[PDB]
Amino acid sequence: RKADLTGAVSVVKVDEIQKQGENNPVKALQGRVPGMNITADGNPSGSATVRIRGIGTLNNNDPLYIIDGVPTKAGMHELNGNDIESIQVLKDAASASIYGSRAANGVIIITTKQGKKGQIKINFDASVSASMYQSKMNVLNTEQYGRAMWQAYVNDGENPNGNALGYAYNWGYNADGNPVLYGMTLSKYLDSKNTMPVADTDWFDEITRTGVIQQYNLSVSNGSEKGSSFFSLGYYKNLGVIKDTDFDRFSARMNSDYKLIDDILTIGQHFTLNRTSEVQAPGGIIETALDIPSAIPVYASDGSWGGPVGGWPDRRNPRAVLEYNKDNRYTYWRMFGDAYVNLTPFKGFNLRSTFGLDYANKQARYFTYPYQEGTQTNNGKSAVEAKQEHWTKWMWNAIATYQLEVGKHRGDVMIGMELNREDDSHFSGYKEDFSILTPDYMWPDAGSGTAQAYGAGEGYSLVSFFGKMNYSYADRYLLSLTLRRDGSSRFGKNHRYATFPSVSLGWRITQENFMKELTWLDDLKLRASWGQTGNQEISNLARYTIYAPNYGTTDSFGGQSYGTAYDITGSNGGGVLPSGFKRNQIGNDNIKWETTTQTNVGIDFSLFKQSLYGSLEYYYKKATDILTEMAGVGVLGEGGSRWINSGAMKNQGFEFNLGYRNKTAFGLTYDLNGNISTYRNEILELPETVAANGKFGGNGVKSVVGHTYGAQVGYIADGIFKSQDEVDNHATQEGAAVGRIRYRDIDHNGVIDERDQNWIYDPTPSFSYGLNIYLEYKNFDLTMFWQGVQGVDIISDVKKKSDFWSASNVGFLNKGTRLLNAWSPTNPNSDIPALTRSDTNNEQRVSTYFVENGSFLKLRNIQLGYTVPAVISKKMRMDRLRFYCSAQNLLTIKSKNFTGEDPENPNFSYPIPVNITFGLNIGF
Amino acid sequence: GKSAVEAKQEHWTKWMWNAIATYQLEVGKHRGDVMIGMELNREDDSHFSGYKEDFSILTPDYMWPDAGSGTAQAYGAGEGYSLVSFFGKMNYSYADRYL
Amino acid sequence: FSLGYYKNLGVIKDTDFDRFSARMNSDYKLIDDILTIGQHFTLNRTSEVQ
Amino acid sequence: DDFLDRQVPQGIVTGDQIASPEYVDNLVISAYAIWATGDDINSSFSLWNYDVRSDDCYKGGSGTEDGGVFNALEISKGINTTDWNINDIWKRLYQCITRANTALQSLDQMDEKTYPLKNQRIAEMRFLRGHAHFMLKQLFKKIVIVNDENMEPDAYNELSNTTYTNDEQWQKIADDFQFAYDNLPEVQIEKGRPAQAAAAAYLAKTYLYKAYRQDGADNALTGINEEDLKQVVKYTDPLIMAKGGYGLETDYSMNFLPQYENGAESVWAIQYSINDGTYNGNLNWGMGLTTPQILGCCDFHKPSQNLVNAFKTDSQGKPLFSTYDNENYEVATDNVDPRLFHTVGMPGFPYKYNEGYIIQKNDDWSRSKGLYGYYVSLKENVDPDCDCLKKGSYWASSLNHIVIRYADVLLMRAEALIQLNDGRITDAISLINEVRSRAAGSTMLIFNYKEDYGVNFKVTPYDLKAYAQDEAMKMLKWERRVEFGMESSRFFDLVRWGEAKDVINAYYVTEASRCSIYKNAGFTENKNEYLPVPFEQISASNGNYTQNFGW
Ligand SMILES: OC[C@H]1O[C@@](CO)(OC[C@H]2O[C@@](CO)(OC[C@H]3O[C@@](CO)(OC[C@H]4O[C@@](CO)(OC[C@H]5O[C@@](CO[C@]6(CO)O[C@H](CO)[C@@H](O)[C@@H]6O)(OC[C@H]6O[C@](O)(CO)[C@@H](O)[C@@H]6O)[C@@H](O)[C@@H]5O)[C@@H](O)[C@@H]4O)[C@@H](O)[C@@H]3O)[C@@H](O)[C@@H]2O)[C@@H](O)[C@@H]1O
Ligand SMILES: OC[C@H]1O[C@@](CO)(OC[C@H]2O[C@@](CO)(OC[C@H]3O[C@@](CO)(OC[C@H]4O[C@](O)(CO)[C@@H](O)[C@@H]4O)[C@@H](O)[C@@H]3O)[C@@H](O)[C@@H]2O)[C@@H](O)[C@@H]1O
Ligand SMILES: [Mg+2]
Ligand SMILES: [Mg+2]
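For the protein sequence lines, the chains are A, B, C and D, in the order given. Every position in the first sequence, counted from 1, becomes a number in full-length UniProt numbering once 117 is added. Every position in the second sequence, counted from 1, becomes a number in full-length UniProt numbering once 496 is added. Every position in the third sequence, counted from 1, becomes a number in full-length UniProt numbering once 347 is added. Every position in the fourth sequence, counted from 1, becomes a number in full-length UniProt numbering once 19 is added.
Same shape as in the complex, but just chain A:
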């Protein structure tokens, strides 16, 4: 049962959602909804990025979740998703407009479990899972690193014995004169102090482990004619594959409703409390682990943490970083409550007053221990940072609804007034100069150094007046008209309020009398919708020219703190220096709402006695007057960024969902759910400065206007130079040599320069598809979900340090194993460029070499279960007893062009592990 019946509505089967056993219900529906992209890195929390109907705006694209009628934008990883009864996604502007003013990026409706009338039930779910690392990046060992360094040295013509890294090479020349390596030897200690012995260390294995996930839920519901109630307690814990990273969550949900005065009066409430404690991996931990060479031992001779010495590259120990970061635990309390009252003066009139509250508390204590890893140290810096953050959102809604059933005409008229208020604040203290260096002793009162205080606050408000009219004729013709008047505190008084209309039409062809003989065609409906929605998801202080007294107490990297504090006297400090103000941004009083117009056409069909159902959708989204933050022209200096309505986004998309469920003669019930979606995005208008800096694409070389959002311009790599004759024949370029990347001459001017660039990267897949198979046979239920993406290109940063030697910010870094298969006179059948120590050809530039085919098809979740027969369960008095074993991310298929692994996450972010889970469900 769709709650709109005339728009693009996707209904998610919650039974399959809980089968995957994911903490975040959103992450479970990664590819089960057409026109919906869910990206998850794989960290222990269920945090993920959601994109509905592609990218339709230049500001934040987070969709507006709605739970029990309360809107929000926070992630669902911090909420208990196991007590969800129904999930509805509103991807159409006309359908989602009536649910709030923040429906620009789509609306997701989440309904919590409620006690069913006339029965009382309980459900206890237990789940234990083991997560194993699968995308183990292959890196060179000590011998492989030495061989690669020797190959680079001999390719560059330098003496390999002058590496000054403890490597002694016994090598010679073959008959053809190509250098050949016979053997290598290493000094026992990398330094002259004999404190860092050489060893073969698997850093990826050292920093990874086998995580343990435990989930325990207990829900009870009780219904009655005078009311109903529901109480759920949930516990979740996930240990990440990366060491010293974990996330656990307690959840308590209480829902109830009461009917008084012979069903005239109703009072209901839905409340939930969550407590999530998490230790997160440090930024770029995978990058640090990959960069550090395997020759560095984990522990030194004296038992201290190992580190680079002498000429080894300046890379911190990933294991020591994880050990020091294990105490950076943050606690998050989530408060999601709602109380509603409903009154019915007569049969057709309803008045609902609803109050919703969302209170978020975050407390963190970050520690900075003194470390000395060889030549890497922080000069004995020890510090504590105690941070507190508060978020408070409250919403009040007044709804008046009238329904009439006169003749064959059904008419619903609803009006509503909504008020939203959000207030955010944060403050933190910083202390230094500790002695014991333990979490127990590291408190700000126990410090003896410089102390700093930080603190900020902000907020906004929303006012909405909405009206919805629905007309139904003969249960065959449906018309919907809605109007919205929305205002926000982020705009000036002149442009505070804006009006948004939406219209929807629907015709049930199967209800027409001219096809009564079509018994096979059970149902057929054609619907269209044209709607307008408003977007204002911008900075709260957007229309004000912001001047702030940035003294310079905030930590900055590279010294570009831009603080305002100068020793005008010239006493080299010693006190409070004079301060001032700096401009953060230039205000603009002409900013207004961003108008997104959505046109949707849908065909819903159901054939063979409601067995073969499906829907086909075509949508066109056009966003104009987009509030974009343009940067300064260059001479305007600091604070030149300002918000302006100079954007234009276009999205043309197709979606197709199909489902076929049927039994079998011998007792097998098979249900197949197929889904496919495609979309094309385009940028039509953009400010000149934004197109020049290339923040939305183009890399600052060409304007992204007229091209897909996120498209990147780069060079074209036409293979590599296999001979000097090839170098001479090709157009002249800087750094051209044998074994180097050959760049195509686009304009045929005879020289390779900055103008030989074209559009090479397009982050738009050809189509994303999903397939869910459910089989029931003799109390055995098997679930199998496949998700695939075809026609998508990906930029691989791992390739930059796996296909080249010394292609990073620093040299002598550890590289990938496939680097051993580089081009050489001995091995001419290779496409990887020859190893070198100097990047004369400048191979770090953006080109088609780093663009790979991201197409993949992976088994997201497979589950085999056994249900106890009813007679045994009744003998044990149990209503239901089930067991199941599942595998998540067990198998995947990638393209041959993709040289790396894990096409979903081809970057240095958190890896995606394989989960093996065993679970039980009891229905006492």
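Derived from the structure by calculation, the hints contain no laboratory data. One thing to keep in mind: the hints can contain errors.
To be verified - Covered by chain A, according to a simulated footprint, are these stretches of chain D (three or more residues, beta-carbon under 8 angstroms): (1) 26-36; (2) 46-52; (3) 166-178.
All C-beta atoms in this analysis are idealised placements derived from N, C-alpha and C, irrespective of residue type, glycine included.
Please arrange chains B, C and D with the ligands on chain A, whose structure you already have, making use of the hints.
Below, chains B, C and D with the ligands alone, put in the same frame as chain A:
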């Protein structure tokens, strides 16, 4: 001309677990209740505050630690305790007259 | 289910205390009165100038 | 309906309140703070990152890939207009200009009687804006002259770099210095605020740069203006400098030591402070990359062997004008100018006059494993035990960066007198002799080097006699080279003199033998002596910015 802001945060967290086993008998005129119980209590308290000075506008909206331009101070402490209890209660009633 | 609001302005100027309160209590009896599961919860928000 | 108006911005000041008279002084401080907090490791206002193009120093780091754009700039090959460093320095200098313009706009709306020091603050703001404009002009020939504080932001889109010609742009830059000199006080109680003498000296520098005309589409010198030289001579008079109490220090190293900050020779410097209440102090984060490998990381701005050979002198105490670079300097057999040990830290010698740290040719001192040599600059570095050095993820100190030195004033006066060619050449010779005599007596910390490492110090002033114009010019050029080593002024001087191409090509040819980094190095006649206008700026301002010649 001293202007300053002090932002203080305090947290208290107490959790208790109780396991109770009770048996009742009504034999003859003798009523007997025997109850045993195990209780665990844990309290953890913490607080931290930041102090900033040298403000100009001198209004609550402007008085924030990031907006200050003077000496800043940080204070912070934490403590806690735990309790373990094993208790037993026996009640005997004779003729509803002797307790 | 109970919802309460209280506000008191003191006789001394610029001193006040207000409090919002929300209490939810419930109990369920399952398996022919053998099993019982109950909960009592309350949330309070008091803002005060002393 | 006050629901949408109850909440107000928190912790910030609106644009209509920043013009109030009680904040203008604070804004003045802002215009100074950008010169100490608005510089990055890869973009410093000393312009040492872009000075690697000259023959004074190489680029440090692990290798060529460490700062690839800077390596391309050093080799003058493979330079693209879409370079992040060029746009970064452009944006930072225009941010400084914007702060100065905001301060000027706030100051211009004040009554003279209410604010007696209005003229002095306006002069200081104009001096800062002119300094930023001069640095942009040195970096880029075609720059936008933003000298209108009462200009709306939208009109900034109509600004163009071709509104004024080269001479007109130089005059516009010099007008601010003229106003500052006419308005700044003779003596400033606060060392941070520039004085009248500093404004006069910097105006003389601007007029000297204006004298070497670069008219025409190309970047070739088209003559020497006599009026500009006369203006330089007028504004470099010793009476003006003596009015402010500025003179040469008794020791050279006193100009680069924390114990003697804000000295007589420190005409104007950026005040860097420590323990000042910020996160790590207003340290010189632009020199963070220049710290040696003995501190753990960085090791950039490594002086070249060419400069060391230049510091070598003959038995007569004069620099070797033709045979200095034929052979490497020998500590035991070759006479050396004492200024070398105050500029370049050679291996086998104490680091920053510290006996406990001796520079060695190993991996503990060079991060490039000998690719970029083993020499370490000492002017911008400090003693590890100074207690003025702090670790804020980059080793930076509180040593002041002296923008204008009295030796620079004397050498500019000598240059003007020599190029005038109307007599008074003996005055320039006397100034050079005074500089050489100051160098000779700068041995208060390196006197034991004679009895500890066999170092022979032999420098003598030039004889007072008639000298030809070319001979005096060559002697002045050599004095400038041996005086401002590692001071980030060699490339600008070469560009101004018009002989940058030949000198850079000869340096590349000479150093290709001992350094492979210059194997493919090449300098274009009219392309590589000026940084190109960033492509992002040109794209943003369509039809307004014109790229430099040769790009
Ligand atoms: O190229 C990427 C993007 O950078 C852009 C942005 O527009 O411009 C460059 C941009 O970057 C800055 C940063 O302030 O300078 C970087 C620039 O500076 C160079 C010399 O020109 O190197 C200087 C020295 O820096 C060192 C430290 O001694 O390392 C810097 C190097 O390390 C980083 C992060 O690197 C990774 C990323 O995760 O983390 C580890 C450790 O480096 C590596 O595996 C990864 O490469 O930061 C250092 C980290 O150290 C920590 O302590 C660990 O937590 C943290 O404090 C930091 O996160 C980066 O800053 C940098 O990559 C040393 O290696 C060098 O000698 C040159 O190498 C480098 O390019 C800034 O000045 C400039 O504006 C664009 O070009 C582009 O889009
Ligand atoms: O700095 C970017 C980099 O660091 C993170 C934290 O690892 O962001 C830093 C700041 O992000 C904040 C601000 O909201 O929260 C993000 C983290 O806190 C969590 C706790 O549940 O989320 C809080 C709350 O805000 C969202 O993140 C945004 O709406 C919601 O997802 C969520 O409901 C947690 O999910 C985030 O890790 C703040 O806490 C940090 O100071 C990362 O976000 C980023 O990678
Ligand atoms: Mg070309
Ligand atoms: Mg100082």
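Against the structure, the hints:
1. Figure legend: the stretch 26-36 of chain D, annotated as covered by chain A; annotation consistent (10 residues with Cβ-Cβ distances under 8 angstroms, at least 3 required).
2. Proximity of the stretch 46-52 of chain D to chain A, defined as three or more residues with a beta carbon under 8 angstroms from a beta carbon of that chain, is established by the 6 residues found.
3. Remark: the stretch 166-178 of chain D is confirmed as covered by chain A, as 4 of its residues place a Cβ nearer than 8 angstroms to a Cβ of that chain, reaching the required three.
No hint from the list above goes unmet by this structure.
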